[PDB]
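Given next, in structure tokens, is a single chain: the form solved without this ligand.
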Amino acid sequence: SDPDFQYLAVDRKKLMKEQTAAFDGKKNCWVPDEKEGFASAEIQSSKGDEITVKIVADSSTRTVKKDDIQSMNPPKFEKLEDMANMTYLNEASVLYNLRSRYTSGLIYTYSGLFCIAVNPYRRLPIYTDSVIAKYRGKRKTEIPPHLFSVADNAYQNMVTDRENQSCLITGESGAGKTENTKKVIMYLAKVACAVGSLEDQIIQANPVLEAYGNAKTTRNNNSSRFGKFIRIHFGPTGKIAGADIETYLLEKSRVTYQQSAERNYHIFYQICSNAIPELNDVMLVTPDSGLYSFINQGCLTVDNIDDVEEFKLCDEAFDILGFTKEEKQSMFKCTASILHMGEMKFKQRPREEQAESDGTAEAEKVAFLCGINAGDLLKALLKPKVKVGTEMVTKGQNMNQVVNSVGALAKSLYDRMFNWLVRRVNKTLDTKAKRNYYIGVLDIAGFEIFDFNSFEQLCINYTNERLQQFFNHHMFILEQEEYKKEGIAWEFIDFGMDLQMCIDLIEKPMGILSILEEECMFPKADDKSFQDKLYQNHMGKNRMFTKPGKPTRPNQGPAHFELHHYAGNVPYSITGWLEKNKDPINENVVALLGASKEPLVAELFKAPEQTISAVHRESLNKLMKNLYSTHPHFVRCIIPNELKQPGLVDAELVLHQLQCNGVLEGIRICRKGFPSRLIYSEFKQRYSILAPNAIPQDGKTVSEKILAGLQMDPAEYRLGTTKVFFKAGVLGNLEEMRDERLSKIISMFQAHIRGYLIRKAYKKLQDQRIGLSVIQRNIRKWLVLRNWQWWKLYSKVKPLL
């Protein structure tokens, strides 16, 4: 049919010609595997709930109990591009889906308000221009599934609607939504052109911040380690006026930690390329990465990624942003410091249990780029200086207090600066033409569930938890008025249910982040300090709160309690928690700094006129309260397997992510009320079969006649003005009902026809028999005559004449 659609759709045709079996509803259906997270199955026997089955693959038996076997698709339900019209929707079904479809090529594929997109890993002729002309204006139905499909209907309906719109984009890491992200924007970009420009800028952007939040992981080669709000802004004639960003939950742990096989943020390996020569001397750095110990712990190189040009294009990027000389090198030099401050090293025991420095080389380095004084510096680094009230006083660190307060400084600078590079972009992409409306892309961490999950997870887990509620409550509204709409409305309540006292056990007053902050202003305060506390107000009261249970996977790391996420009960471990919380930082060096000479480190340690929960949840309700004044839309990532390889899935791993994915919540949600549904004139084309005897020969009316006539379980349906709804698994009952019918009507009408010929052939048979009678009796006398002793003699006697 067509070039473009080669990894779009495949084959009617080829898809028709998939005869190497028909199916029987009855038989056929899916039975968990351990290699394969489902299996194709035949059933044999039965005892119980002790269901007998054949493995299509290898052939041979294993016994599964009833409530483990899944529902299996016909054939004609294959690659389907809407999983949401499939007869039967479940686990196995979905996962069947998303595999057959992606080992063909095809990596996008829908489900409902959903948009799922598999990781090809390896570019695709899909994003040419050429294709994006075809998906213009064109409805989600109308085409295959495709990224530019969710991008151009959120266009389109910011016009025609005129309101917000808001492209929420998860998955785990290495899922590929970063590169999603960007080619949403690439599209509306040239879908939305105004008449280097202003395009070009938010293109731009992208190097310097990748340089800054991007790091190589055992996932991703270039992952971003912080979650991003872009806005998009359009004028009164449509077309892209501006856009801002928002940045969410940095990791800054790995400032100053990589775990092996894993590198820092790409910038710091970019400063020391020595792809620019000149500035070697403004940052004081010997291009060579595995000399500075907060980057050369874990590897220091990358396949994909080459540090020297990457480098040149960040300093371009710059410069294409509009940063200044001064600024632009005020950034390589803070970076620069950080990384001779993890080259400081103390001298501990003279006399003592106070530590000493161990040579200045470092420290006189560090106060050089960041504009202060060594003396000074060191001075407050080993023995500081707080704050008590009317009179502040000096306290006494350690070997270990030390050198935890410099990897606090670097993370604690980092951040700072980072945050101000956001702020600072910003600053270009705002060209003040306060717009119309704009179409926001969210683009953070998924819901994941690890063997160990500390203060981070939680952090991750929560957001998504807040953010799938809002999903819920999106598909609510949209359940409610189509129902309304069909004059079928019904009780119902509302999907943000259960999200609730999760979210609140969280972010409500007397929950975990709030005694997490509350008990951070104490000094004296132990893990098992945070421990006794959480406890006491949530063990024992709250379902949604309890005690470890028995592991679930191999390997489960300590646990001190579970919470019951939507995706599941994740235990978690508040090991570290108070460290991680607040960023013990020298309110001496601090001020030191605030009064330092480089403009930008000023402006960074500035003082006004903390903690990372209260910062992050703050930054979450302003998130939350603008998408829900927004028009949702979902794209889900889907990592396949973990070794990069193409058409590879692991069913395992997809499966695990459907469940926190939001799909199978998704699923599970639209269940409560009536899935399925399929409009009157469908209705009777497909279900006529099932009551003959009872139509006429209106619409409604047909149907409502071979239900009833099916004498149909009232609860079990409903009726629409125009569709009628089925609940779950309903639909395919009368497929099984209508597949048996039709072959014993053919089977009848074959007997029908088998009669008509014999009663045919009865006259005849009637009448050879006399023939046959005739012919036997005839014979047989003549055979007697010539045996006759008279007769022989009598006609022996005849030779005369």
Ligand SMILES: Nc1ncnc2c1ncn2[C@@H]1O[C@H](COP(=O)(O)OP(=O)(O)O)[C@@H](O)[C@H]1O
Second form
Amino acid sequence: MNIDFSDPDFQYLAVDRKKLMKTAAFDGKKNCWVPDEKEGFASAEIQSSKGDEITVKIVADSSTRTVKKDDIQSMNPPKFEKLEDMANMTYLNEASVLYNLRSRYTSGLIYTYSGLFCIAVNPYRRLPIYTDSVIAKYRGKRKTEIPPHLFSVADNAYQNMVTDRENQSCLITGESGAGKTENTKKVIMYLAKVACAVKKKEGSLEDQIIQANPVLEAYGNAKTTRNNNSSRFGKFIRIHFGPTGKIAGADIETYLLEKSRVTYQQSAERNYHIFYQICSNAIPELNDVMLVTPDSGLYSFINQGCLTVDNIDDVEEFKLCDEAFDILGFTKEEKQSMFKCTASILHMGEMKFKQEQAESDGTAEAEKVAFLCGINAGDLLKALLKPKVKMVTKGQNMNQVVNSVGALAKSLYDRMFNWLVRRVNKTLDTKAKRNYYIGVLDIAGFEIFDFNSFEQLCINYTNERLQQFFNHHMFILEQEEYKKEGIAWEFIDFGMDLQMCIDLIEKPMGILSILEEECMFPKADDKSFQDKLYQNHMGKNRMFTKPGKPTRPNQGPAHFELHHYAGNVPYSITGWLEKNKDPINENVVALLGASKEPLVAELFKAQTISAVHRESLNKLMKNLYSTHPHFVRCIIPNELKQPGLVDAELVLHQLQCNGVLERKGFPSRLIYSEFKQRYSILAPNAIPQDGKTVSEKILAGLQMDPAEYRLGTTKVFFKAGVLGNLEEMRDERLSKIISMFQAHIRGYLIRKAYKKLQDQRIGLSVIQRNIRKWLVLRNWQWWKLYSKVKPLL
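One more: the block was the form solved without this ligand; return the form deposited with this ligand bound.
We keep it simple here and write out only the one chain, dropping partners and molecules.
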């Protein structure tokens, strides 16, 4: 494995299992895990057994409790303590994967392997493990000759690219706040440091690659209840490498920016970080340039949830965002146009209105908007209260107007973020020669909330195509295990439902297309959309369902349920038409298209969310199917952002569907030993007296169809469902045998009483016979006369 001493560099990385191998006994037949409502699983020792009910002693406090024999999970022995790769343990079940991660975590060790997977537990504190000195120790190393660390995933993905001559991808997944974004940045940072090209104003490529984060996070991250720095957009970054193996260039794709946050925030949340940066007074000189008063709680568009965030200094981050634009090489103009447009949104939300048709309750605000956007205020105010289409003058009322301002803000912000991303890509697209790339992907995972809408459908749909990718690569790991066991599964059946759910969503009669066609009809509405979706899928597809009973209280309304890989999701289709198609006043558009400000002009220069997302998504999948993937599962340890604390039910839940061997239609497999010890009962009279042959005689016994299993050098494989059927026959068999034994016992007891039953038949015959004689004699005239005379002599 590896060599390393008392080096501080390894304080939070290495396990010195002999300063800690150094005082308690263990017995596999006695020590085990049992469910525990407050710690997930509790360490126990089996006291006794009474069928399916087992009595154990809870090692912590000596208490006693009863547990179904099936809920008991195998415990690993003391030797596998804090193991670095869990694929090496003996038992890889929820209970022991939970123990192994938790042990290492409370010890400050957040990185752990499990076969090809790297698990990262969110620290919730800064650690000293990302220093250049550490990066000096991980360079060029195999995962086995160095403790587990994100750097090794990156380095090995890099070593592969140069050795296998192929693109690589690091998919870093997890729940919100689990640590995806932090880890994605460490990966990029590592490559920028170990592979940078040979040798204020614009910095080099490497510097720009890193400085893209402060600007995109400023525009696409926001405090949410789960994460103070939550990504409200998905990201895919590709680092291209040239002939000498040094960084040639890079590009960035973003997906699904959360537009509604721009004008609406829930309790305890904030709008994008940029707005609080713009109001911090970090650079007093840009205040008059933005026409803003440095008081965030003053604007309606950002003062709905909270204003500040612990652990976040907006003043300081503004200075950082400001300087990041300098290094990315943005002119003073481009940069100020960015801050100017962002500031217009803050003013748009201030435009008051008065009581059929509506009117301005003033104009101070609109003059700010118009001034920053390079257009006349009166023109604006007009095109807002009474649009002139194609002219054709319309009459907007109070709401229609305050909804029109909200939509302008969102359409502006959105066009701006996409402009930002393309501008940053212009900087990163050095026209250098390149060969292969390493793409790091960080998007939100699947999610089921009390209320699910368009945004959730788009996120989930992206994950359904991703899961399929992950399933494709799992099948390859499947097919190579076969050969290693010397078998072959000619014909299989594993991914029809996944593709089926995907088709229901993206095909030309799918959920998204029905929406795209409907969004291009001025008269359509919610119900109109509800009818096409229903006529095309209700009762015509099993993945498309009618909402059942609430799975949780406070569960909002829904119109149909979609059976995703990770669970049934009830969706509501209210506002979906406005969500997919931008509802901005084409009149206010026209004015902006002719703005004095070059950025605004370009932003509105003469193709829906779902349409756009489909293309982005198709492109992403295409790039990924051309790479060798490296998966990182991030996991959030608790809901309090508290370092070192572990919330069992929370961590277990995150282990439920991600590859950590802790649902798939692949064949099941058993090590002959466990087989023989579990099913020798299915054919007891064909077992001589070699777990391998004992397993073949049982199967030979049941005479199972040879087309349902496969002989593994070390284990037997069954087609999905088979093992379930054997478990059933097992129940029937065990139950019947017990009955035959009970029948045998009843046969012993009755055969024991047989002799006495024959002796007594003779007894009873003598008694009945001789009483009848004594009776008939007593009625005999002669015996009666006689009885009368005996007393007289």
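Residue numbers count along the first chain shown, from 1. Between two forms, the rigid core is defined as the largest C-alpha subset superposing within 1.5 Å.
- Following superposition on the rigid core between these two forms, the residue from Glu364, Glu598, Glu81, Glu343 with a C-alpha displacement of 2 angstroms or more is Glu81, and no other.
- The two forms, fitted on the rigid core, differ between these two forms by 2 Å or more at the CA of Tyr127.
- After superposing the rigid core, the C-alpha of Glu326 moves by less than 2 Å between these two forms.
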